[PDB]
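Put together the whole structure using the sequences plus the hints.
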Amino acid sequence: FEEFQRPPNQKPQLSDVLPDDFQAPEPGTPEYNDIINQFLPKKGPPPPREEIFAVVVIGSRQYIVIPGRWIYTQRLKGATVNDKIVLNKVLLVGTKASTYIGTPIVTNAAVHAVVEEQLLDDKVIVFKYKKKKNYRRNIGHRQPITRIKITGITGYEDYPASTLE
Amino acid sequence: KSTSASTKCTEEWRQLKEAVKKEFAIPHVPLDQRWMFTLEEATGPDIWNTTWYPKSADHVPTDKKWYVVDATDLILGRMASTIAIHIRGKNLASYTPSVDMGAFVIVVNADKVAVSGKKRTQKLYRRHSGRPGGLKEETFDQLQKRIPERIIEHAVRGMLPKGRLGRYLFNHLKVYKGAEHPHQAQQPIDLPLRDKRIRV
Amino acid sequence: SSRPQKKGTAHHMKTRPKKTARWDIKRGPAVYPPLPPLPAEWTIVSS
Amino acid sequence: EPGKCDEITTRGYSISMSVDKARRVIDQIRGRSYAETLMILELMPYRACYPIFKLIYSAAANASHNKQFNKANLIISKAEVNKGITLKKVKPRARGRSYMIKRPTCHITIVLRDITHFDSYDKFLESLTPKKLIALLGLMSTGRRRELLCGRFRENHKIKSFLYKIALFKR
Amino acid sequence: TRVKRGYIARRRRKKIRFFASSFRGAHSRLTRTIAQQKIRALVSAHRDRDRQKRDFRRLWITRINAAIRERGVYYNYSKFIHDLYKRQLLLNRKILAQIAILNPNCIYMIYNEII
Amino acid sequence: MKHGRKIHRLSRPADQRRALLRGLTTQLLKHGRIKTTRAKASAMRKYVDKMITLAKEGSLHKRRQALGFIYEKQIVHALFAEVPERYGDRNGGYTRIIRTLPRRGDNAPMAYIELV
Amino acid sequence: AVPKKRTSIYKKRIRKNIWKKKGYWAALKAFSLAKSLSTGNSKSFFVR
RNA sequence: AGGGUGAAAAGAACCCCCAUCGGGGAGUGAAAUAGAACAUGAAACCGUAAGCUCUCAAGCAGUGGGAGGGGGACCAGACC
RNA sequence: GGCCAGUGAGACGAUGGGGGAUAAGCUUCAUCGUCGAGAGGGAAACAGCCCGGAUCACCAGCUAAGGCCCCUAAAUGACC
RNA sequence: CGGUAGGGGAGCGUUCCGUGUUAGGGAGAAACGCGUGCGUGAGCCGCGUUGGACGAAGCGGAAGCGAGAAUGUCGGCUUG
RNA sequence: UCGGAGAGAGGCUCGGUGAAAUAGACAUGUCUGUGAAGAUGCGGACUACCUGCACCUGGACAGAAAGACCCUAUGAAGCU
Ligand SMILES: [Mg+2]
Ligand SMILES: [Mg+2]
Ligand SMILES: [Mg+2]
Ligand SMILES: [Mg+2]
Ligand SMILES: [Mg+2]
Ligand SMILES: [Mg+2]
Ligand SMILES: [Mg+2]
Ligand SMILES: [Mg+2]
Ligand SMILES: [Mg+2]
Ligand SMILES: [Mg+2]
Ligand SMILES: [Mg+2]
Ligand SMILES: [Mg+2]
Ligand SMILES: [Mg+2]
Ligand SMILES: [Mg+2]
Ligand SMILES: [Mg+2]
Ligand SMILES: [Mg+2]
Ligand SMILES: [Mg+2]
Ligand SMILES: [Mg+2]
Ligand SMILES: [Mg+2]
Ligand SMILES: [Mg+2]
Ligand SMILES: [Mg+2]
Ligand SMILES: [Mg+2]
Ligand SMILES: [Mg+2]
Ligand SMILES: [Mg+2]
Ligand SMILES: [Mg+2]
Ligand SMILES: [Mg+2]
Ligand SMILES: [Mg+2]
Ligand SMILES: [Mg+2]
Ligand SMILES: [Mg+2]
Ligand SMILES: [Mg+2]
Ligand SMILES: [Mg+2]
Ligand SMILES: [Mg+2]
Ligand SMILES: [Mg+2]
Ligand SMILES: [Mg+2]
Ligand SMILES: [Mg+2]
Ligand SMILES: [Mg+2]
Ligand SMILES: [Mg+2]
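Chains as they are written, first to last, in the authors' numbering: chain AR, 72 to 236; chain AJ, 49 to 248; chain Af, 48 to 94; chain AS, 25 to 195; chain AQ, 2 to 116; chain AN, 11 to 126; chain Aa, 2 to 49.
Hint data in this document are derived by calculation from the structure and do not stem from the laboratory.
One-sided excerpt, in silico: chain AS residues whose CB lies under 10 Å from chain AJ:
1. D146
2. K147
3. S151
4. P154
5. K155
6. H181
7. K182
8. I183
9. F186
C-beta: ideal position from N, C-alpha, C; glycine also.
Spelled out as structure tokens, the structure:
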């Protein structure tokens with residue numbers, strides 16, 4: 072601070088920082104509440120979404136679908152970035168009121184989605200070794216991976232209920 | 049301990065740090081009759097396409113289950129097999145080998161346990177000290193008079209896992225000679241028995 | 048005294064798991080009908 | 025940074041003794057006040073205290089002279105004993121076999137701080153509650169904000185990393 | 002022309018050392034041991050990733066088997082799988098095991114649809 | 011084990027014990043105050059009280075004993091002259107021990123011993 | 002005899018701290034001796 | 001076997017600790033955190049402080065799972 | 001055919017015999033298999049036995065030898 | 001598209017020379033220490049409160065050229 | 001036989017000075033099996049809080065000397 076320049080060894084004091092008045096904490100005024108919201112916000116409502124999930128196949132492995140949520144998947148031939156993609160085969164759809172169970176699949180159901188990115192997986196070291204034989208191999212592998220965003224689920228209402236009583 | 053403005057301040061910040069940590073954290077949901085997800089955890093990590101590993105708030109040891117097993121004319125080993133299934137948590141959908149998701153078990157009338165064949169005079173419970181002559185053999189019936197409870201304990205211990213957790217799983221078993229137990233406040237229930245060979 | 052012990056690799060030939068059962072060896076995988084022709088996994092929309 | 029105003033560094037260069045033997049004394053005086061150690065070092069059974077007694081006394085003399093501190097408000101914060109250059113020798117033994125011994129050497133580094141340097145700030149900031157403290161610092165400017173937190177209030181209360189989360193004390 | 006070893010041995014061993022961050026004792030401090038253990042870690046990693054697939058599967062059988070004995074007496078996992086292929090389902094162990102924990106009411110309906 | 015053994019060994023054989031304690035009494039009785047270890051001072055109380063006990067019965071037979079014990083000749087003749095007037099009433103406890111810091115060379119617990 | 006292998010780094014320290022721990026009990030005796038000597042009431046210890 | 005202060009000794013007046021050695025300020029210098037046992041100063045080795053953490057264990061010490069807690073100029077369903 | 005290597009200590013098992021004592025994880029030949037140079041799964045652990053020959057990734061699925069009370073994955077399944 | 005002895009093929013990097021009194025460099029080089037970057041990997045590309053004057057890339061060339069072991073070896077430092 | 005007591009120097013404690021052989025890293029239990037046939041390190045079971053001091057040495061196929069007995073080399077040397 073300023074007077075610290077004059078002696079760089081003199082003790083600091085409280086009065087040099089601010090005056091000794093401090094007009095009010097104002098603990099009831101909203102100003103005391105506003106500054107709390109400035110440095111200490113709250114959670115607030117989460118992002119709304121549709122209360123639904125579904126199962127879908129990509130490649131040969133399965134995934135659980137939630138709208139407004141993304142997930143990594145195996146690489147897709149073509150499928151450029153920002154491309155509108157539709158996943159056809161779905162194994163079930165679930166809601167609070169009902170749960171549609173794909174027979175092998177749900178007829179005429181579809182999952183609209185978007186391609187976020189087209190990236191490579193984190194490196195995994197394929198290392199091979201045989202002791203007392205001077206055999207050592209160090210090979211990495213960056214797997215091709217895509218990043219899909221889900222938008223919504225449609226084409227499932229004509230399926231029966233199979234609900235719970 | 050010490051009530052000073054310095055140390056008292058330190059306790060006030062951590063209450064505030066835990067509070068701020070609690071707000072932006074995701075609330076924990078109990079497993080009993082829950083839907084797939086909520087609006088809160090939907091913004092969280094992918095607990096759906098990854099295996100569900102339990103949190104510490106799941107196996108809260110206070111609110112665990114409690115069972116009873118009347119050993120009056122019950123087969124030893126077959127009764128011990130199911131007790132391991134219930135203590136280890138293998139019957140629950142929330143099974144995890146590295147976590148105590150199971151439950152408690154109480155045994156009563158241990159001295160009335162059934163035993164097949166001539167094992168009452170042939171089965172040899174034994175132990176060793178460390179000397180070259182510290183071997184002490186003991187029959188079922190001789191042990192049945194001295195300590196009836198080691199019979200049940202020695203059988204279930206061989207069925208529980210061996211390691212840190214298995215030594216921790218053993219204390220969940222309570223065994224008693226008489227037809228009564230002091231664990232009334234916990235409100236236990238009768239244990240089911242899928243097998244049909246246990247009742248002579 | 049005049050009976051060897053069968054200790055080495057012969058211990059494997061004598062003691063390895065075997066079935067020796069026509070009812071267990073004759074078995075095979077279970078047969079189910081084939082599923083219908085399923086649709087593709089993904090399809091592009093104009094974008 | 026508070027370390028550049030509170031304490032003083034004082035080193036003992038090339039003190040002919042052993043490292044581990046020194047640490048019997050240095051590990052105990054750590055955290056002891058100035059007057060406390062002088063009563064002890066003059067009465068231990070050890071030989072390592074007379075170099076240290078000259079070193080503890082010399083450091084406090086620098087404080088009142090170069091930074092004007094009161095002797096009664098000193099506390100030994102840090103105290104280290106680092107290895108020095110070891111001289112070597114060769115001693116005969118039986119069968120014409122030679123074994124080497126050595127004269128070790130130390131570099132003792134000692135620090136002396138002052139508690140009565142931030143009592144104007146620290147005793148005030150601790151008097152307030154956490155929530156009441158936010159509105160105080162939230163209304164003032166940055167120059168007044170940086171100065172109240174330049175002391176050891178944050179370290180003693182473990183709030184160094186938490187304040188960044190609330191947009192307070194931004195780098 | 003003389004050529005010292007230079008720094009190629011140093012920059013090599015730092016990469017070998019940085020991999021050995023959280024190793025205990027001299028397995029994080031001595032070059033002739035870190036090279037001996039860095040070999041072992043990747044072999045164990047390459048071995049676990051192959052065992053990683055059978056392991057989670059092994060866990061899913063228990064969870065699915067554990068979550069279905071409550072429905073019917075004298076009923077079990079093996080009978081549940083035989084009916085799915087009969088009913089021409091396609092769900093794998095991953096989805097069934099997670100629904101058993103996350104939405105248990107669904108399997109109660111799946112059991113009803115089968116019967 | 012030393013069960014029932016009351017003797018101060020002082021890490022010396024008998025010929026040196028009989029000379030070491032015998033020599034210190036010569037110095038204490040002339041100086042009145044000396045600086046020695048605590049083990050030597052504890053063993054000294056038995057013998058100093060003996061010589062002082064000889065002075066109370068200041069006969070000729072009792073004097074010859076002190077001459078054989080006390081090395082020098084003048085102190086014994088001077089000892090019997092002053093003790094009956096100085097300790098004409100005391101019955102035992104003719105000396106005290108005051109502790110002291112140890113030495114620099116060997117950390118030996120030191121202590122003074124003096125005649126009351 | 003001869004040691005088969007070398008002691009580790011932390012097993013060494015645990016044995017050194019015990020040797021250093023004796024200084025903790027020697028410091029208490031000195032502090033007890035000073036406070037029992039700065040009052041000028043003990044007639045059994047001459048310090049000069 | 002033992003090489004390297006600095007452009008230039010300007011090799012540190014004076015004050016405190018002080019029997020010396022040695023150290024702390026001052027002053028010199030672009031740099032003294034280049035201060036003479038002094039240039040860049042890796043590793044083993046000896047340490048101080050901080051964050052998590054072990055006293056019913058068992059183990060070529062890691063690896064795949066990852067409870068609870070902690071951390072940061074990018075952001076954060078991430079990363080350490 | 002050209003250029004140019006290593007190998008020339010073998011091992012157990014099956015079969016066919018010899019030597020030995022129709023003894024040897026013995027020894028010596030002939031025809032095959034595996035290990036040697038071969039991971040993985042089963043066999044409690046266990047180079048030579050059984051299934052099967054690791055280009056790599058996937059928190060996908062069906063199977064082989066072999067198994068389905070618990071430790072420890074799968075029917076404390078059914079019938080004679 | 002498992003692979004020891006062993007053979008072939010394709011490449012990385014070190015120091016120095018040619019282009020070269022190169023580009024760049026006290027607006028911080030070499031080095032040292034680092035990294036949510038890239039590569040099949042050897043390594044590359046980048047960063048800096050360290051450092052204080054050197055010196056790439058590219059197209060090519062030459063070697064005192066790549067170390068974890070030789071009861072190796074020099075020096076330094078531990079254990080007991 | 002049949003040991004016992006005592007003295008002195010060490011041993012033991014405190015202070016000061018302060019080595020050495022040795023040492024792949026070591027978080028270093030027993031039993032019974034297994035295995036290059038004799039395991040703290042693999043399998044199963046049992047036992048076992050952590051860490052020191054003083055004492056005893058069964059094991060670590062302990063340390064010490066590239067076995068000095070035996071054999072091999074178209075090795076060396078002395079002698080007849
Ligand atoms: Mg036999
Ligand atoms: Mg089969
Ligand atoms: Mg070289
Ligand atoms: Mg598989
Ligand atoms: Mg002595
Ligand atoms: Mg004599
Ligand atoms: Mg420097
Ligand atoms: Mg230097
Ligand atoms: Mg226990
Ligand atoms: Mg514990
Ligand atoms: Mg041959
Ligand atoms: Mg024939
Ligand atoms: Mg043979
Ligand atoms: Mg042979
Ligand atoms: Mg082969
Ligand atoms: Mg076997
Ligand atoms: Mg199947
Ligand atoms: Mg069977
Ligand atoms: Mg099971
Ligand atoms: Mg190949
Ligand atoms: Mg192949
Ligand atoms: Mg260069
Ligand atoms: Mg320059
Ligand atoms: Mg060039
Ligand atoms: Mg004796
Ligand atoms: Mg003696
Ligand atoms: Mg000593
Ligand atoms: Mg241990
Ligand atoms: Mg065997
Ligand atoms: Mg054995
Ligand atoms: Mg192990
Ligand atoms: Mg073992
Ligand atoms: Mg001995
Ligand atoms: Mg030996
Ligand atoms: Mg030899
Ligand atoms: Mg020889
Ligand atoms: Mg020849």
